[PDB]
Amino acid sequence: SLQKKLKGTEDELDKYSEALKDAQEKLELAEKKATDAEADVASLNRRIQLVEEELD
Amino acid sequence: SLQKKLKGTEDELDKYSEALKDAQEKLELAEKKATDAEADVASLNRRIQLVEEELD
Amino acid sequence: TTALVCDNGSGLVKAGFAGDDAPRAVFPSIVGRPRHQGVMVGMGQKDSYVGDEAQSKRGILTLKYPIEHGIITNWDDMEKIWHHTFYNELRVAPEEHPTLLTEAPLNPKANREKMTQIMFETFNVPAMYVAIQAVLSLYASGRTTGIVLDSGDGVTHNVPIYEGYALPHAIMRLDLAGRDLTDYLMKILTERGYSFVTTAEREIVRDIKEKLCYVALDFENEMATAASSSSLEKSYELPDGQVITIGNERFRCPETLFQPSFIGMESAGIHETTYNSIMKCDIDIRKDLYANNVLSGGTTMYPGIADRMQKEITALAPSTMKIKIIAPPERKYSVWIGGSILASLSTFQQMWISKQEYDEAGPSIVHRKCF
Amino acid sequence: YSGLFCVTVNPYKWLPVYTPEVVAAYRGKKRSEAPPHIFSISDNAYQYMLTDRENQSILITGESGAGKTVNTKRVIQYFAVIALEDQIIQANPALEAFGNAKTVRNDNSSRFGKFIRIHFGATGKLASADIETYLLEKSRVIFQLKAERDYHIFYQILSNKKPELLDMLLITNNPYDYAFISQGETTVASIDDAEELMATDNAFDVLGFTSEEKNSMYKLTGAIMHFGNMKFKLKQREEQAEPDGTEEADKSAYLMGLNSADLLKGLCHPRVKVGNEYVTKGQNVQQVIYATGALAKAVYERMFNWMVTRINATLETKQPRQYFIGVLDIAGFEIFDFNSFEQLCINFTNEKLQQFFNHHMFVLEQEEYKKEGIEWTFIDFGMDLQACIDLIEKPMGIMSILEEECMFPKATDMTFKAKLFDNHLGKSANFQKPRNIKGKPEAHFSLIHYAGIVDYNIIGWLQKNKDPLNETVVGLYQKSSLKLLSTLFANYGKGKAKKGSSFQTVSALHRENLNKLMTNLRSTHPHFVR
Ligand SMILES: Nc1ncnc2c1ncn2[C@@H]1O[C@H](COP(=O)(O)OP(=O)(O)O)[C@@H](O)[C@H]1O
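Residue numbers (the authors' numbering), protein chains in the order written: chain P, 45 to 100; chain O, 45 to 100; chain C, 5 to 375; chain G, 117 to 199, 216 to 624, 634 to 671.
Quick caveat, the hints were computed from the structure, so don't treat them as lab data. C-beta atoms are modelled at their ideal positions from N, C-alpha and C, and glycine is treated no differently. Do not take every clue at face value.
[Stated by the list, open to error] Some chain C residues near chain G, calculated using beta-carbon distances under 7 Å:
#1 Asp25
#2 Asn92
#3 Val96
#4 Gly146
#5 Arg147
#6 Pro333
#7 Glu334
#8 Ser350
#9 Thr351
Same shape as in the complex, but just chain P:
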């Protein structure tokens, strides 16, 4: 009689696995984006200090 319990557990497990996969996908995406944006801002900031000493 516990087979329905087993099947329901399998279903919620599958749902949670899909959820985890989607969350990992969004995580790696946003992390690549944040790292790239930080690279750009650091580069251009150093460039700003260089053009500042240039102006000086």
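For this one, chain P is given, so just place chains O, C and G with the ligand on it according to the hints.
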């Protein structure tokens, strides 16, 4: 019997839900850092032209 | 009829057809052989794996590179690389395709001579031609003057060209490149606890380098920032889990390009050899050379390399000059793009080396006017 | 009659020569004896088809507005008589709009090579009609000369008689506003353009396609018009192009069915495929402008070809279609005092045609001789003209030098001229110096053709020959929310002739199209009308 595997799947499912929680927290912090960096780089990419015209 | 452009490089083979916008086949120039015994009868496994396939079976194989510093050391597996390129990646019969190949400046002559001997006798191509890499890089960049720094994986060189005339006495060649940077990174990770010794772990280290290293704008200030903060640490995931974290090593690795004394070399950084190659040139063209400093090749792909190199060359040159570093995003394929452009010129179709030309003049015809 | 030709000067007043009585009464008389008329050659083509079981070709040759339309009309009438003309004339205003533009010698000049295939059955009875377009000039959509206009459609839309089109397309009434067009002649006393707009809309509504489809056609043309005003600047301390003005970008995207930021990103930063990865390519202002122009020319020509397909689908009848007899309408061997790249292309086409006819007449004279049993002078009559063709198409010819020059890094018009001279002057037979007569404007070199010595001008050829199509934006079009995704359905190992997106030249596409047009004509026994 089925109990050991059932509760083991339960424990790893809860732990994967914990992984979901922490991954979502990382998603929120990633969104924050990306948006703040975006505002900063907006300021910087609009004032670099003024700096270059000053030196011109 | 169409020509093939094979930029064999040293560490990546890039092939394709002349007239395309990008190389069609890009795979590592690697030959792998199994080092374990092999138990399953009927596996029917082969003796040597070539190219991109050998990176899948990387854990079983021992990986060789047939090109050391531009120069070709092993010739049999280089024929294997070329055979794989022609038949398995491009699927073309080289009996009806002219082939354009590239080479670095200041190489042995036997390199070119054997290359053409092979291309004419083993593969029977109807024509062939060996080109310099920096010239093709300039073609693809769209300039006609400018000093080009072509940092590949075996060799780094400067070739100053003005108005279409190359000044050979000012050509510099340096044997510091991406493979030396990989070895320095392998050796420098050890101090943090990680050990990579196998030729199969050298590839993992190359991946770490590509994905995490960068050039610091100010080396001492970045060293202080790493010694104080922790905002520099990034983590990488090995093939078997086992996350590793690196700090200083992120920018201490490509700094070897600007301080070759890190790996015990005597020479000067890429910025200083660029400046010296400029100062070897006539005084009238140094303006244009300063203003047209073109980067190409894989080792020029680190974030911050252009800003760092501009800062250095600016602090070296006089204050009146405008220093500019031209660094396209499709940088690491510039040699191939220029090669395709070149082989696609109607003006070029009388500068090939023909089959009968070779048959009558021997392999020595490579160094003559048919260059 | 003039040998193998049929020459016809148009009478300006009505004659009884077009009454159906002569049409019906010619049936049974021969070509050799009956006095000249196009009904003669029409019947001769018909009976040739029926005896040889092959196609025939009628090559009507003249200027638009000298009677070509009505000549072809009476041809198709005679063909119906000897057994869908109304449909041809009904759908004609569409082509008249989408393929005619004002030149100096004519205000309703045809640019594309119209060509109507009239099929038949086994019983030689009227089965169906087919139509194909060739050699439609794309350079007009972008660059116009000092004395000529763009295609008629932009002006007809610029007629305010449909204010709903203007207020739905954001088209301001002022024609100087739009840069793709304003460089040509703004407005001329050519025709009643408003009425022509109405006649075309009527022809559209009475053609098989819906009102939404005409709406999309009009809006697409307005988007092509909006492409021209885009503005790009170099970046801060780099060589990259970035947009400063975004408003026309936003409105053109809102029209086209794409995102504005996404289209701007696809223009400034193309992505190309290197093996199994994609890397972003860099662009400067000149490159992005050439890409924009090539995109506009491409979308226009695509919409045109698909409109012709729709026309043919409307015309299509299910009757079995056997051997056909085609009639061809092509541009003329135009000469001016400021000939340019387009005129060179036109003259190259007409050279191929004239050499084709010359070889045809050669074989015909050999036929006369082998009939008469008197066979001499076995030299052909084509090579004497082919020698001039070899100066355009062949490698190191003018077109190949032009392609190479627009591929080279820092090429300029003076360098182009220098290479032309260094590689042909004296070493060739027909290439030679220019001539300065009566203070003509300018000439950089002169070719000789069958139709005389022509002096051509170099200035602008490099810039106007480039056709770099942008693959990322083409993919965007494939992913549109319009009919555009059909026009751009799919466009751009084991042996691949895939020329890159950058290695594209109007001259090369034109040479390919001319090759395939010759391959379509050379299978049919031809006939010529002057
Ligand atoms: N993004 C990157 N950052 C730093 N180094 C890179 C990057 N991509 C590739 N490389 C290095 O470039 C080298 C390959 O350069 P490449 O242009 O292929 O020269 P070759 O064609 O002679 O092998 C590799 O050793 C690799 O370490």
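Tested hints:
no. : hint   : result
1   : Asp25  : holds (4 Å)
2   : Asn92  : violated (11 Å)
3   : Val96  : holds (6 Å)
4   : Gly146 : holds (5 Å)
5   : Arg147 : holds (6 Å)
6   : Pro333 : holds (5 Å)
7   : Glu334 : holds (5 Å)
8   : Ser350 : holds (4 Å)
9   : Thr351 : holds (6 Å)
The earlier numbered hint that this structure contradicts is number 2, and it is the only one.
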